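Turn these sequences into a full structure, and let the hints steer you where they fit.
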Amino acid sequence: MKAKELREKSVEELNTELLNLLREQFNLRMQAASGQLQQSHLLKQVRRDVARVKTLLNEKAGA
Amino acid sequence: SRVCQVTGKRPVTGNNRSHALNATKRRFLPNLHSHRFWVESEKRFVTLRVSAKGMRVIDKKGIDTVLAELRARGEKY
Amino acid sequence: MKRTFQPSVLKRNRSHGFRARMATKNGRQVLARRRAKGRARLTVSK
Amino acid sequence: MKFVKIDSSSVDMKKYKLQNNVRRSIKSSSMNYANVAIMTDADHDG
Amino acid sequence: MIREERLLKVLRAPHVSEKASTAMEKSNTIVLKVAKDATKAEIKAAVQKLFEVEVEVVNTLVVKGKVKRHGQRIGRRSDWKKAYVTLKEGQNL
Amino acid sequence: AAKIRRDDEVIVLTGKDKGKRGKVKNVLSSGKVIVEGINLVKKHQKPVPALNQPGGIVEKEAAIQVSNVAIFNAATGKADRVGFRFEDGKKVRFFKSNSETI
RNA sequence: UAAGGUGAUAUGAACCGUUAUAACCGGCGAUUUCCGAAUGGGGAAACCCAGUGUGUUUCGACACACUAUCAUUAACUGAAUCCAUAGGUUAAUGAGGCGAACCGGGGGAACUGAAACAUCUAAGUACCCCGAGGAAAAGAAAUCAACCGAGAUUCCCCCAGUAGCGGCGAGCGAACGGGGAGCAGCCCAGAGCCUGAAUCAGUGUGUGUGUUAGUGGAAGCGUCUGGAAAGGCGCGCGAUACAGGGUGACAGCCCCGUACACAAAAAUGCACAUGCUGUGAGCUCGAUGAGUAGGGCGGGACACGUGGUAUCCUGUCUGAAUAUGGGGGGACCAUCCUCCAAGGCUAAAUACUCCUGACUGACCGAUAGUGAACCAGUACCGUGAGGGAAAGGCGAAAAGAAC
RNA sequence: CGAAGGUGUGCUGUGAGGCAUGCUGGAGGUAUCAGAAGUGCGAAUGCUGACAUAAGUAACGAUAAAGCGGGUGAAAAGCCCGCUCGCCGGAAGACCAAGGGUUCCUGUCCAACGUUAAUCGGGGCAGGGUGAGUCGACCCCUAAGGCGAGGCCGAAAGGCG
Numbered sequence: 001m002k003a004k005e006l007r008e009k010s011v012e013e014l015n016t017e018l019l020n021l022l023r024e025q026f027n028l029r030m031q032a033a034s035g036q037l038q039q040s041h042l043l044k045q046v047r048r049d050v051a052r053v054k055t056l057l058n059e060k061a062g063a
Numbered sequence: 001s002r003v004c005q006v007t008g009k010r011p012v013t014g015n016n017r018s019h020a021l022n023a024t025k026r027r028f029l030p031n032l033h034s035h036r037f038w039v040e041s042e043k044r045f046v047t048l049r050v051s052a053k054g055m056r057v058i059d060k061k062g063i064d065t066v067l068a069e070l071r072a073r074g075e076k077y
Numbered sequence: 001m002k003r004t005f006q007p008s009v010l011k012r013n014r015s016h017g018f019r020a021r022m023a024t025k026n027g028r029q030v031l032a033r034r035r036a037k038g039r040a041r042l043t044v045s046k
Numbered sequence: 001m002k003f004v005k006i007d008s009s010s011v012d013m014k015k016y017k018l019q020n021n022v023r024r025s026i027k028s029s030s031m032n033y034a035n036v037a038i039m040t041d042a043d044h045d046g
Numbered sequence: 001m002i003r004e005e006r007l008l009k010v011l012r013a014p015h016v017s018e019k020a021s022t023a024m025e026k027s028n029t030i031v032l033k034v035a036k037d038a039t040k041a042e043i044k045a046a047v048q049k050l051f052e053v054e055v056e057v058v059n060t061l062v063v064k065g066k067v068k069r070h071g072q073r074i075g076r077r078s079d080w081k082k083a084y085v086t087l088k089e090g091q092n093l
Numbered sequence: 001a002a003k004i005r006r007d008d009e010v011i012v013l014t015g016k017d018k019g020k021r022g023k024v025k026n027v028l029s030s031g032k033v034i035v036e037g038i039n040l041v042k043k044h045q046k047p048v049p050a051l052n053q054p055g056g057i058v059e060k061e062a063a064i065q066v067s068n069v070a071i072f073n074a075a076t077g078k079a080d081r082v083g084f085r086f087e088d089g090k091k092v093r094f095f096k097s098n099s100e101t102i
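Protein chains in written order, with the authors' numbering: chain w, 1 to 63; chain v, 1 to 77; chain 0, 1 to 46; chain C, 1 to 46; chain r, 1 to 93; chain s, 1 to 102.
The set of hints was computed from the structure by calculation and includes no laboratory data. Please note that a few of the clues may not be correct.
Unchecked claim - Cross-link-like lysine to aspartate or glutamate pairs, in silico, DMTMM-like; alpha carbons within 20 Å at most:
1. 9 (chain r) to 49 (chain w)
2. 49 (chain r) to 17 (chain w)
3. 9 (chain r) to 13 (chain w)
4. 49 (chain r) to 24 (chain w)
5. 54 (chain w) to 5 (chain r)
6. 68 (chain r) to 7 (chain C)
7. 54 (chain w) to 4 (chain r)
8. 9 (chain r) to 24 (chain w)
9. 46 (chain 0) to 79 (chain r)
10. 33 (chain r) to 24 (chain w)
Printed below as a string of C-alpha cells:
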C-alpha cells in the first residue's frame, strides 16, 4: 500500500490520514465497544494503516 | 584549601614519634601568609595566598613570569 | 501503650524518599546497591 | 487447569517460624527479667 | 487539522448502567468513557462535532482501578475516566 | 527448507498404524502433523450448552511425529527419501532412489 | 528465506496466503509518552507553574521551537577614580551522570601474633575519595661492575629464606649476577643551510579479508517378540560426515544436524597499496634545564626499625659551577672507573571479564549446585539502611474421564 | 522373557559384608584390575522437613441478656421479618482530618478464614458506584528550617552562607 500511497500530495495522504479517523477508526472504537461489531479484524489493519501513512508523510516532508 | 598559589605545596601526613617510639599521625602545614604583590605593568597590586619559599622565588623570577604560568593554567588571580 | 511507628506519609518521603536520597553523596550510591541486587522497590513510593 | 484451590498453610508456617524466632530470640530476658525479681531471691549468693 | 484529529483520539466508549439510563430519560444527560486526561473543553468540542448536538455543560471525575487476583497472581485495573455530559432541548440520543 | 508440507501424500514408518497411508492435513511447529483417518483417539467430550451440546464420545485425528512418517512414492508404491535441488533457478523437491521431480 | 501465521500463560472468535509486498531472520532508517545527571522554575519522582519567539479557524483559544549550570573563546557593553580594570549581556565549542573487575594517586585502622604487652607485626591489607585507558603506570642510565665489561623499560624461572634489619622476638626479607618472554627508540630548550626531504593525522578509491541473515549436504530392508521398536536374529550400503540431539525401549543409513563445499542488496573492522589536505624532513656551528643538589631541624620509602649509615621524596630555614664542572660506586678522605640531573614522548611482552561466540569437564544433579532449575532478589520482615525464603517430574500423545 | 531403587526369604564368610530368588518398577547398571575421593554417623542444648506425646485435657478473648413465632433453605439459637426484654446514650451516637486503600451497593457461591453450623459476613467471583467557578487541595505570601548562583573555608569528599 506504500507504493499505492507513496505517490500523492503530502496533503492528499494527509486527507486520507484524517479520513481514516472520521469514519472507521472512531466508529469501530464506538460501534464495537457497544457489542454490535461482529468483525474484529477491521480494527487491526486500520491502526496498521495509519502508522504507514504518518511515516510516509514524515518521510516526504521534513526528514 | 591550604595551598601555595605559586608552587603547588599542599600538606602531607606523617608520624609524631616519641622518645619511646610511640607513633601517632599528624599533618605538616606549609608556612603561608596573605601578601599583596605589586605590578609595574598594570601599576596595581595583586593579593595571593602563598608560602614564604614562594616569595623567595618571586625575588628571583619575574613577578609577571609567574603569572604567565597561572595565566596558562587558568589559575584565577 | 503508645506504639513506636506512627504513620505519616510526608515524613515517610522527606526523610526516606527518593529526592532526599539523590541529593547527597551517600544516598546516591545507595540506590546503586538497590539497583545492583535488582530489587523491585528502589525507594518507598508508588 | 484443574488445580486444587490454593493451600496457604505455608503462610501460617512462615509466620510461625518468623513469629517464634523473633520473640524467642529478641525477647531476651523478659521471662528472666521478670524472673529477675525471682532471680534476686532464688539465687542465694550466700 | 490536528485539532479535529485529537478529538478522534479522545473518546473511547459510552458507559452503560442504570444510573446512566436514568439521566438520559430524566435529565437529558449522557455518559461516556474518555482519555486519562481528556479535559472538559476537549470533550465538549468532540461532542459538538461527531454528534453535532448542543451541550448544557460538562462535569467529570476519575475512576480508580479495582485490584484483582488471577490464579494467585494479583494485577490492577487501569485507572480511567468517565464524564457526565449534559444536553439542551435539541437532543436526539 | 521443509520436506513434508501443507498438502502431500505419505505412509507410516512405525507406530500404532504402521503400514497405513494418507494425505496431509496441517503442519505444526511442534514437529508434528495430522492425517485423515489414521491416528484416532476416542475423546469423551463435554456437552457445551452453547450452540449444540452433544457431549458424547467422538473420534478425532491426533497429532503425530514427522520422523515416524515418510512420503509415499506412488511409483514403486512405497517409502522414499527427499532431497533438495535447484531446477531452472528454483529450489524444489525430489526423490532419492530414482531421483525424480515432484 | 519462505507455505504459514496472527509472542507466551490457553484454547477460543474474526482475518491475510499459499511463490510470493503472508509470517520469520538480518542490515540501513523517522517513532520514541513521563520520571530519572533532567538541563525553563519548583518539587514528597514519574507531578505542579511558567516565560519568549514563530505560526495558526469559528473572538474563546491552539500547534511548534527555544529558555539549566560551569569552563574556554570572540563580540557587544561596562561601575565606584579620567583612562582602565572589575562585573554584566549575547552566540560557538566542551563536560557533568551510570557501570563488574583490572591500573595509578591522595588519605588510611583494629582485632589478631608476639603465647602478657607499649617498639614491631597484622598492612600501606580492609575501607573512603580522586582520575583515566582498553589495557593502564614505568621507561630509554648523573643506572650496575670490575679494572672485566653489559647496555632502556615490563614480566617469568634461579642466587634464596642467603647477605642483612630486628624488644636480635616473634617476624621481615633483598640485591648483584644468570637463563628466558618481547624489543625501539625519539624530541624541546636554535640559528643557518635547506624545503612538502621520513613522518604521523585526516581523507577518499579500489583489492583482499572476514563480522552481522543463510544454502546444499551421503546411504536399509524382512522377521521375532513386543502397547509402542531405534532392541535380538539375516542379509545389505554410505562414511573427508560414528560430534551431538530428538522420535512410543539402546537408530552410522527415520528427523534435525556434523565433515566438506558455497553465498551479501546493505552497513561495517582490519592489512595493503591507494589520489589528495595538512604534516614536518636531511646537513653544519652552538646550547644543554637554579631555589635546583646538597646542608641543618622533623618525618616518610627504600629488605634496612638511626643504627658506624650510604640512596630517594619532602613540611620549614638556607643554599654552588656551568664541563678546565659535577653526581655516584652503603659511613669517610684520596686514586681509579663510570655517568650527566634539576624538560618531555613512546608500541609489544603483562593483570583483568559486567558482557558476546564456540568448546570442554573423573564439577552438582532439586536439603547439593548461584540466595533463586519451578515469573526470585519476588513473597515476606523491618520505618531504614538492609535482611531474605519454601516450592521440579502423570502420560506417548490430553486420549483428562461421555453416560 | 524386566536394571537401578524398594520390599522378604534362603544360603554363605573369621568380620565389616557377598550370592540367588519371590512381589512391585519401569529403564538403566556394570564384571576384572588400577586410579581420585565433597566417602561410610546416635549423639554435638546440632540444621532442614515430616510425625508422635501430654490430649481430644486447658482454652473459645470482658458477666450488657436474651426469649418466642413466622420465612429461607439440606440442615437454624447465631441469617431475614415480626413481638417482647435489656445496655450505652459529653457514648458503645453523628460528622472530619492523619492514616488506610474497595473494605461501599447489588447479585451470586460453602472449598479455606470467622476460635463453633453459616442459607451469613469487612470471606471467594462477577458487575455496579465516587460529578464542584463557591468544600479542600492546586495557586499568591511567608515564619522555625532546609537547598543555596557567585563567595568563604577545607587533603579530596565536602561544610557555612
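Hint check:
1. Taking the CA atoms of residue 9 (chain r) and residue 49 (chain w), the gap is near 16 Å; set against the 20 Å cutoff, the hint holds.
2. A threshold of 20 Å between alpha carbons decides the hint, and for residue 49 (chain r) with residue 17 (chain w) the separation of about 18 Å falls inside it, so the pair holds.
3. Note on residue 9 (chain r) and residue 13 (chain w): the hinted pairing holds, with a Cα-Cα distance of about 19 Å set against a maximum of 20 Å.
4. Distance check on the hinted pair: residue 49 (chain r) and residue 24 (chain w) sit about 16 Å apart at the alpha-carbon level, within 20 Å; holds.
5. As the CA atoms of residue 54 (chain w) and residue 5 (chain r) are separated by approximately 13 Å, the hinted pair is consistent with the 20 Å bound.
6. A hinted pair counts as satisfied when its Cα atoms are at most 20 Å apart, and residue 68 (chain r) with residue 7 (chain C) qualifies at roughly 19 Å.
7. A C-alpha spacing of about 16 Å is found between residue 54 (chain w) and residue 4 (chain r), which places the hinted pair at or below 20 Å, so the restraint holds.
8. Distance check on the hinted pair: residue 9 (chain r) and residue 24 (chain w) sit about 13 Å apart at the alpha-carbon level, within 20 Å; holds.
9. Taken as a hint, the residue 46 (chain 0) and residue 79 (chain r) pair is honoured in the structure, with Cα atoms around 14 Å apart against an allowance of 20 Å.
10. Using a Cα cut-off of 20 Å, the hinted pair residue 33 (chain r) and residue 24 (chain w) holds, with the two alpha carbons roughly 18 Å apart.
Checked against the numbered hints given earlier, the structure satisfies every one of them.
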